[PDB]
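So this first bit is one chain, no partners, the form deposited in one PDB entry, shown in structure tokens.
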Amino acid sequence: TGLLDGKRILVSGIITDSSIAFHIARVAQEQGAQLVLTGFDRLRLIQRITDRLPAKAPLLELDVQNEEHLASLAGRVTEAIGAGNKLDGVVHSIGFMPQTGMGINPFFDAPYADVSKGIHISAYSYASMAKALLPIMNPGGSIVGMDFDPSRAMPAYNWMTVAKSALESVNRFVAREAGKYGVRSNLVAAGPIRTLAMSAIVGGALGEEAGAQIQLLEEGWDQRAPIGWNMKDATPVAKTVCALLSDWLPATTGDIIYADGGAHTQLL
């Protein structure tokens, strides 16, 4: 029963009950899929959040920057799901970029060390995580990551935009690799979703002469979207993810599926 029924899927990126990856896992569980979650430093905290999901799932630690963690993932996962078992899905919902390369800080003022860190976590980790779990996946599986259309320049997104441009390109390579094991790799470009990381800027954390820019940006989205767009509700994005983790899109790979309500296909 369910869309992902019987599939064992790895979800990551969770940190709050408001982050997209949390809703993905919740929908994946509601669709009878069995999970394995990976989290960052505040494991003690992430533990609490996951203790809200409709069902229990082992929670492993995963700093994408720790090449040592990566060297143990496949094993640990093998423990989580059990011998004689393989993964059918891998979801990469991880992003990082110092405020030096996003918010209000000028584009030319982000030092490389900060940018390189963001790209390492936002772009590179997609390839290495795919390098870690590829070997324990069943042919016919789906790896999928989050994206935010970097097609055209926009205010404040600055370097996180460059990282995303570099994520799509990497996604196309991971796919010719993944395709060897019969696995599909795709990205999902979502519109903006009022998550916690931004839940603070909502009141003016970045100020007026900027906190207004991002604002007119989001409104433009529902404005442009033929079917509208509520940014305070991730579900539409999560269902799209689930669709990609299922078996009803087994001919699409190395692609980008836009879950933005058609905004990117309309100018005004």
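Positions refer to the first chain, counted from 1. So that the term is clear: the rigid core is the largest set of C-alpha atoms that superpose within 1.5 Å between two forms. Residues that one form lacks are left out of the comparison. First, how it differs from the form deposited in another entry.
Among the candidates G207, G32, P58, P226, the CA atom that moves 2 angstroms or more between these two forms after core superposition belongs to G207 alone. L217 shows a C-alpha shift of 2 Å or greater between these two forms [criterion: core-superposed Cα displacement of 2 Å].
Comparing the forms between these two forms on their rigid core, the Cα displacement of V115 stays under 2 Å. Superposed on the core, the two forms barely differ at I193: its CA moves less than 2 Å between these two forms.
Taking residues common to both forms and aligning the rigid core, Cα displacements of 2 Å or more over three or more consecutive positions between these two forms occur only in 198-220.
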Contents of the next structure:
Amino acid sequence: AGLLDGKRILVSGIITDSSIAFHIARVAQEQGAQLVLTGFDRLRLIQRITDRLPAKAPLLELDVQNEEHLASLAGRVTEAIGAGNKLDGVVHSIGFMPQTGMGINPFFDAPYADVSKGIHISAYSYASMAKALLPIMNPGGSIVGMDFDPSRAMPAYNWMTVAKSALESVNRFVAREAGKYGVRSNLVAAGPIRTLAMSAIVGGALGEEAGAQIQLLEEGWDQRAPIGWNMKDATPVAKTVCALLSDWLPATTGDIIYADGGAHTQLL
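What about the form deposited in another entry, after the form deposited in one PDB entry?
A lone chain is what you will see next.
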């Protein structure tokens, strides 16, 4: 009734109540969307997280590394939303790099099989999902994934940054494909957010010293950002994903909206 009114949207990436995907979905439903959810290997767990949302939604299994799951995803989605119905939107909210790729180990010690899995889940799957779901999206429709700005190097995030860089590259090619169906493809670049994955990634670890470093991030980002940033509130990010899912950005595709308080636009 208020933004995503009448729209049918698939949302992946819910693992905890802190998941950004969790907040995408809540906000999406507040704005009137019928959701299909997608989840990984704790189906038990996430189903329990899922019923805490404002409305009911089918929950499907998707191992983005599983060629079978992907191959049947369009069919399983259709049974959930009704034959003769298509999707209007798709949220890719998936990330993974093994620890060996992240603040722990030095950059050079991440083995390639590890980095490869990371890139598989974090960049490539954005294309898989497009391949799988694009055949059942409506014209006017929207695909959006979650990104962070990898344009400069930083401590800790290491191969996850590399993976995001690739993600941004994949998104411009996906958009050429999506364009044939009248569908947009975009990334949202968030500033940092205190999801359980984040507070875990690092700090812990590197180093150990700190979940006070998590606090320092939060304070520093809020400083850099002209309109401030609150790392504990995923709502501003979720509002941005929702705008891309609406009809209000009808001419933007293959890019990156930054929902980061404007921090990327300031040197300090």
